[PDB]
Structure formats: C-alpha cells, structure tokens
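Asker: Using the sequences and the hints given, assemble the complete structure.
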Amino acid sequence: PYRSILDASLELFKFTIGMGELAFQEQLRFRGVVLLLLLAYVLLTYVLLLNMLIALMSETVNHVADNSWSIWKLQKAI
Amino acid sequence: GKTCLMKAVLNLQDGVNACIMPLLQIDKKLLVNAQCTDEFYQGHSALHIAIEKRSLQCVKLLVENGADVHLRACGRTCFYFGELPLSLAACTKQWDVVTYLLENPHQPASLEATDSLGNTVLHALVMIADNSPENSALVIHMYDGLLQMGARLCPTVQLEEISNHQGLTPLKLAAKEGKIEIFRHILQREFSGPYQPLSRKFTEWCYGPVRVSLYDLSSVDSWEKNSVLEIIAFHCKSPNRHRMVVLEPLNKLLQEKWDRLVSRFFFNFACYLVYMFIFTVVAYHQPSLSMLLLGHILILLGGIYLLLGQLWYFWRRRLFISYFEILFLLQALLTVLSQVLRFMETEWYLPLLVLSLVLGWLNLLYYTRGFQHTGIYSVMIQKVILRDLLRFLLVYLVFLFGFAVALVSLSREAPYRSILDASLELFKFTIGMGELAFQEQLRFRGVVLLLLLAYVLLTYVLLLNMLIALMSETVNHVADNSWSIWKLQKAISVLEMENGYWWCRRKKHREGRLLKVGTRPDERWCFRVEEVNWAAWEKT
Amino acid sequence: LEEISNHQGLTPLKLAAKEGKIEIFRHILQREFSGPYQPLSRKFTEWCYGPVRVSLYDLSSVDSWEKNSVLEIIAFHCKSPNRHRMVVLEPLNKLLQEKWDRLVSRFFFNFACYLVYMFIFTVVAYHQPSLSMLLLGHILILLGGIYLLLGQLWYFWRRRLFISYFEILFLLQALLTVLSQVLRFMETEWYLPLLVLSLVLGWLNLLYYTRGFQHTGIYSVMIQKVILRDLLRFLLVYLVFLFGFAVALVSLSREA
Amino acid sequence: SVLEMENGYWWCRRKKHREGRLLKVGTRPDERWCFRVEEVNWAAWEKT
Ligand SMILES: CCCCCCCCCC(=O)OC[C@H](COP(=O)([O-])OCCN)OC(=O)CCCCCCCCC
Ligand SMILES: CCCCCCCCCC(=O)OC[C@H](COP(=O)([O-])OCCN)OC(=O)CCCCCCCCC
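Chains as they are written, first to last, in this note's numbering: chain A, 1 to 78; chain B, 1001 to 1540; chain C, 2001 to 2256; chain D, 3001 to 3048.
Read the hints as simulated data drawn from the structure, not as lab findings.
Do not take every clue at face value.
Said to hold, decoys possible - No farther apart than 35 Å at their CA atoms in a straight line, the calculated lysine-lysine pairs in the DSBU-like style are these:
no., chain 1, residue 1, chain 2, residue 2
1, C, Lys2094, C, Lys2079
2, C, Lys2021, B, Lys1002
3, D, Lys3047, C, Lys2021
Answerer: Written out as structure tokens, the structure is:
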C-alpha cells in the first residue's frame, strides 16, 4: 500500500470514479495525518469539480442556440 | 437650548421675517452666535438653520446682521455634511446660498476654510455624495461650480489638493469611500475654457480616428507615499474596489506597470517553483530512520527568507487586516518549525514537513493570476466556491457527528466500534464507497438501515442545496466582473512588488513624463493614452 | 369608517392583509393627506433637514399589542402566497427590525438552552449501557422532554386556524423522548431505538435556529421551500420503481 | 419567530409592551401611537 509514487497516484486518482477507500488504516504510522491529508484531497477534488461545472455553466449561460447551428454550417463549408 | 434667535430664524412667510433684523437691532453677546448645546446638536445656529431652509433673503439678512459664516457646528442619525457654512450649500442644488456666501459683504467665507471635521467644501461635497445617479449629478454639478468659483477667490490656492485630519485629499477620499460616481468625474475632469488649468484630461492632436488623451497623475502614479492606487488596493473597504480599477487612466497605468514588472513576477514564480521542487525532492527521499544535507539547509534558508518576506508584509499594511498572503506566512512558519523540530522531538518533524509540502503545492496556485488565459479561471475558486463550501461543510459536520453518535449508541447489541469508525463510515457516503447493508450481526438492523437511508437522503439534500446555491450565484454573476476583479488582483500584485523586496528595497521610478499646459508654470507629470473612437469623432 | 369590524371581527385594514391584497394594502398602510384630510392620514413627515426625512406612521391595530392585528393575521391567519411580499413594505419592516433587535436577547437564550439540552441528550445516549450522573441525565432528559412537549402543545392549542414545518417536529421529538423515557419502565427492549430516533430528530431540528443569523437566513430558505417540495415527489417515483424491479428480480432469479 | 415569542413563554406568560410613542396631530385630541422611521432619499428630495 502506497509503496511508490505510482501506487499513491493511482489511489488518489481512484477518488474520481468513486471507488477509493478512505480508511484510518493503522498499519502505516501517522494514520491521523494520512486521514486528514486524504480528507483535504477529497475536498479539493470536489472544489475542482465544482469549479469546472461552474465554468461550464457560465459558458452555457452566455451561449446561444443559433451560434451552434452557424458554426455547424461553417464546419459543413469546411 | 434654542434661543430667541433660533425662534426668529424659524420658518416664516415668504421665507423671510423682519423680526430677525429687529431682534439683532434690539440686542444692541451677539444673538447671531447663539446656538443649541444639547448632545443631539451642539453649535447649530441661525447661520446653518437659515441656509438649510434655502432662504436667500434670510441668509443675506443674517449676514448683514453680523453673523460669522466661519462658525462651525458640532454634535450628533443626522446629516454627515461638514460643519462649515460654506459646505452647508451642499443642501441646495441651485447654489443659492453659496452665490452670496462667496464674496459676501463683510463676510468673505472663503472655500479654503477647513471644517471642524477637517474635510473642506470640496471634500464635504464628495463625502456627502451618494451612488444614486440623481445624487451623483447633484454632487458633480456642485463640485464643478465650486471648482470654477475657486479660480476667482484665492486663485493661488489649490482647493483640490488640501488634506483633512486623516491626511487625505478629496481625490483620495473619494477612492477610499468607494464612491465611483464622483471619482470617475474627478479623474477624467476636463475644461475647455479658462478652467483649463483645473482640468486633468487633455487632448493633444486628433488625427482621423486616432485620439491622443493626456491625463494628470498627481497623487495617482503610486510614487508618492500615499496615493489612489495604494488606498484602493489596501486601505479601501468598499465592495466597489473591483469597479474603480477598470476606469481609465488607472487601467492603462496598471497595464504599463504590469508590462514592466512581468520580468520580476516570472522571476519570482521561477524562484519559488524551484524552492517547491527542492522541497518535494527532499521530502520524497527523506530517510525513515551530503546532497540531502544541502537540501535541508536550503529549505531552512528558503523557509526563513519566505517567512521574513511575509512578516515584512504584515508589519506593513496594518489597517489592511489577502487570502494567499496568510498561507505563504503559514507555510514558511511550518517549514521553519519542522526544521527546528528536527533537533528535538523528531517524531513529529516529518508530519509537519508533509503538511508544509501540501500547503506549498496549494500556494503555487497564487501565481495563476499572472497569466491572461488563467486569470478568469483563478477567480471563481477564491470568490464564491470557498465562500459557500465552508458553510456547506459546517452543516455537513453537524450532521456527521450527530449521526455518528446515534449509530454508536444504537449499535450496542448482537464495525462502528467507536465515534471515529462510525464517522468515517458515514463520511464514506461522499466518495460513493460506503456500504448500505442490512447487517444482522448488530442488533436493530432495521433501525440502523433506516437511519443510514435517512443519512444518505440528507447528504443528497445538502449536496443539492450546495449546487442550487452555486447555480443561483452563477446566474447573478457576470463575465466582465471576473475580468475586473482579476485586474484588481493584478493591481494588488504590482503595487506590492513596486515597493521592492524587503531585503533590497528597490527604488521607485516616477511614471509618465513631465508636461505643462497653460500657466498657473503648471509643470506636472502626465501619462499619454492613445485611443481610437469613431463614435466620439463622429460628434465633431 | 375605517375602524368598524365586519361579522368576522376584522376591520378593512385587517381584511386587506388577510386576503393578501397587497395593492390596496400598501396604499392603506402608507396613506397620507396634505389638506383637511390630515387626521385621516397615517404617514406623516415631521421635519426634512437636507436629505434626511423623518417619517411617522400610525400603528393602530398594527403594533401586535392588540388581541388581533395585521402582523398576527399575516403570520398565522393568512393563506395567500403574498405573505412574503407584504412583510417587506414599511413600516412593517422597520417594526419587525425593532422587535428583532430587542428579542435577539431571548432568541439566543432559547438557542443556547436548547443546544445544551441536545448536548446532554447526546452525552446520555452515547454512554447508555447496553445491559449517579447518568441517572441525573435521564431525569433531566425527562424534564427537558416534558417541558418541550408542553411548549409545543401550547402552540397547537393556540393557532387553531393555522393548521409550520419545524413546529410539528419539535412536538414529535419531545413526544418520542417522553415515550422512550416511559418505555424504560416497560418493554425496555425498544427504548434505545426510540432514544436514537429522538436524538436524530433533535440534531435535525437544531437547523431551525439557523434563521436567526443574517449570514445563514438566505441559506436556510432553499432547503425547506423547494428541495423538500421536489425530493418527496422524486422519492415516491423512485420507490415505485424500486419495489417493482425488486419483485421482478426476485421472481426472475429462481433457478441455478 | 418574533410574534410567537412576543406572547411570552407558556409557563411565564410575559406581558406585552406597546410599541412606539404617543403622538397627536391635528384635532379629531387624536392621541395615537406612532413609530418614527428616519430615511434618507435624495431622489424624493429632488422633487421639492
Ligand atoms: C538566486 C538563488 C536563490 C535560491 C533560492 C532561495 C530561496 C527562494 C525562496 C522563495 O520561494 O522565494 C520567493 C521569492 C520571490 O517570490 P515572492 O516573495 O513574490 O513570493 C511570495 C509572494 N507572496 O524570492 C525572492 O524574492 C528572491 C529570489 C532570488 C533572488 C536573490 C535573493 C537574495 C536575498 C539576499
Ligand atoms: C435554566 C436552566 C434550564 C435547564 C434546561 C431545561 C430544559 C430545556 C429544554 C429546551 O430545549 O427548552 C427550550 C426552550 C427555549 O426554546 P424554544 O421553546 O423557543 O424552542 C422551541 C421552539 N420551537 O427553553 C425555555 O423556554 C426555557 C429556558 C430556561 C429558562 C427557565 C425555565 C423555567 C421553567 C419553569
């Protein structure tokens, strides 16, 4: 568990597809600090996802349906 | 505490009363100087009472009676206008009182007189202003009239360059109060007639659609010890900070500062990213039990330098007490604490080193405001997301501890062995990992399942509420606001670094070039904006 | 003529509020006359000094001191959706601000004395034996439950025509706490589940006081108004799907 | 919230207090209770 950069990176990325475990595993020393860091990582990943969603919504609000049809006509011209 | 003079100065037919003159004649202490002494209003006399009534005849009679216009009121919701009778004309949009109060018979009542609160007539006209368009127009017209009249009374005195008790000129006071309506008029003020020396904006030569626009940078170029830019960045407190920055020539001056200070901003970014990378490398190869020693001494020097680089910031800017400005101090402090704890109680040093590394990797996001294609992106994280997620998380923790204690109390008969385990299991239903089981090893499995179902429903309710709040904020949001606040952030960045690093104390350089118009010499610093405007040209 | 009640006992000023007819109500409340009809006016100006305007208002049958007034009718007896719109209009907004700035000293006391009860309930539940100070908690939670039970029955004894989301939960939680502390003497097997079900309802009812803070009032609205109005409809359809698919799966999975 | 608590707690039955102050205008005496709002309005004043 977390033997190298690759394993830890994979475990942290696992909290995107909603699969990673958030455990107070005590086989590894400083379990409290590990749990706190994982909690902070989860919070920051949710912050980033919320920021991406808000950016997409801001783009959608300023968007217009006729613009999509116009750019599709441009693509057909190309 | 009202005297017979106040009763005479009271309202009467046609806004005048012959008893006011008869009372003064019958007196021959002056009855005109009599004023109330109550805590609600002390010093309010007939001189201001008649002026507030907009009675030109009564004011003229009182002046002829020997009333001293230089007398100032005091005392306590009320009118925040100045105590000077000359500033009392702000209660009249037609300047009827001021028309006589300037060059009156045997009572000059000069505008240069300072009020009891310090602010002059021009400063009072900006303090008593409002953001409403009607109030804005009323303030602008009165300010223009007062400035024009100033050229015919004590013309050698610069009425717009006198500071109050706080040390701020009306130009600085308008920025501090965040009163953008009057501030825009003051900053871009121009006159075509004899008031040309009083103007700030000038046009040099219009060639086709190209317009050269000069501006006056007096007390605005940030070279002086106290200017508009420094007040807006740090001393101001109004939400309108992000709106004043857009207005020219502040935008152009900030652009010129940025295009000359990127050469140091990117150097700072590189020399901080190198420190972060070295910190990461040292942490990764940290022993569990020569080059590594070099890293530790470097991270000690690197931490100390950054610690001083932020204490110097908090030693300054005392009234400014900025989100990232505390984290850099905190990360440097924790790094120094860790490198000190390496000599005593070494068991805790590595956790502190990791907690410093994570804060460094998060503080690296500060420099994202320096790139044009990431400035807008860097705004929404700080402004709204961190303002709503904290409120969401507090409610979530309130739910979490309560449900954890409930589960621990319920599961006490024939997993969830303590508060910590139950809290972790309940929090697990956020990353979509926790199990929702009818586990029968623990007694009351039905009630446990019902409570877990209720917890899941309430967590979804809280998440939906957070999403709806974010959507409500997004709908009311505007794309130009993000760019404006990013420009404000760039202004904050440049004004800090223009003062120079703490160790070097880089000397300041005066912006613009010396230009003179008319004659007071009138030599002054100016900054040359060139703009193309077909619509404005079409009015010729 | 404006102070005569109908068969229902309501004056036209009160009737306009009850019907939620904000258009006429705003005119009636802020009515003013400059001529001989000055005594008929309600709004007055005393002295205008520069931009500062002093505006007097008539609080006859509006100050909530009388046995039946505009405020009480709007809060409880009214049924129109326009209740949230009449409150903004002055001087009702100013009167409510003055009442709030004088009753926060009791609202926060109530919040503290309910949070203490909730904390004691939590502590007693956590250390509850599976088989002196603990006995003190049980008698306190019994007295605390009874007091809150009476504090809500007194509400439902009143406000008969008003039959409020939180007002039923506080009664329900107190009733369940009392029921649990009674069942501790007979059929004790079920007492702990009821104690936990009361604790969770207490921790949810704690959210009622969030309306007392200016920086949480807006936040506390959207939960009650819309989310609980739509999630119930979503969950009913979800359960309809759930039971059907569950029966289908059980019927289908009957062979190796 | 305020109208419920102004009636007082069930056990104590707190006495009510009349809001505002007594003011009289014109003559019917016309003594009545009034509440004094102070507001600043430049736009309304500009109509004078
Ligand atoms: C030259 C070799 C330097 C080796 C690394 C030394 C430690 C650097 C630590 C570090 O991150 O400093 C950042 C800082 C600039 O960013 P900032 O202060 O704006 O970032 C924080 C803003 N809130 O850095 C500076 O201001 C100094 C940059 C180096 C110039 C030489 C300094 C000599 C001192 C006597
Ligand atoms: C003084 C020590 C009291 C020890 C705790 C007693 C049990 C308190 C239970 C409790 O939560 O009561 C809340 C209530 C106030 O909130 P509310 O009724 O508005 O909350 C519900 C709103 N829907 O409380 C009150 O109204 C009373 C507060 C205490 C004052 C003394 C009372 C004496 C009675 C004879």
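Asker: Against this structure, judge whether each hint is valid.
Answerer: Consistency of the hints with the structure:
1. Our distance criterion of 35 Å between C-alpha atoms is met by C/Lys2094 and C/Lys2079, whose separation comes to about 23 Å.
2. Among the hinted pairs, C/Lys2021 with B/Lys1002 is inconsistent with the structure: their alpha-carbon atoms are about 47 Å apart, more than 35 Å.
3. For the hint pairing D/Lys3047 with C/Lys2021, the CA-to-CA distance comes to about 30 Å; that is within 35 Å, so the pair holds.
Against the hints set out earlier in the document, a violation occurs for number 2 only.
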